[PDB]
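In the block that follows, a single chain appears as structure tokens, in the form deposited without the partner chain.
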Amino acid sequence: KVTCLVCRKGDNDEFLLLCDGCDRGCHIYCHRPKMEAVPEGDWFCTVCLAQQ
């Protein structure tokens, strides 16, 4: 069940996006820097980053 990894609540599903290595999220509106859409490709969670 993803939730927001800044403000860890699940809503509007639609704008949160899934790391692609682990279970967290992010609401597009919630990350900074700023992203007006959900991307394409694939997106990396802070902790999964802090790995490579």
The other form holds:
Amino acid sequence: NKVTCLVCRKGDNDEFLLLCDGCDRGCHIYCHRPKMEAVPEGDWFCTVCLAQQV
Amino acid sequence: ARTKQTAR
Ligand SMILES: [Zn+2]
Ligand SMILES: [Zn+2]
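Go ahead and give the structure of the form deposited with the partner chain bound, now that the form deposited without the partner chain is out.
The complete assembly is shown below, putting the previous chain first.
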């Protein structure tokens, strides 16, 4: 299905569009600040998921 | 981490 980026709200450029390992949210690596130059190989959690951690 | 492309 069509996930969208939390920052820019577009679902284009699938190749750069990170999925959150904890929910159905997404972010383009090029929209991320700080600079994310590549798709990380480990788990990645969006900011909404960080809010639920302890 | 997986992308929208690697998941679809
Ligand atoms: Zn974006
Ligand atoms: Zn999340």
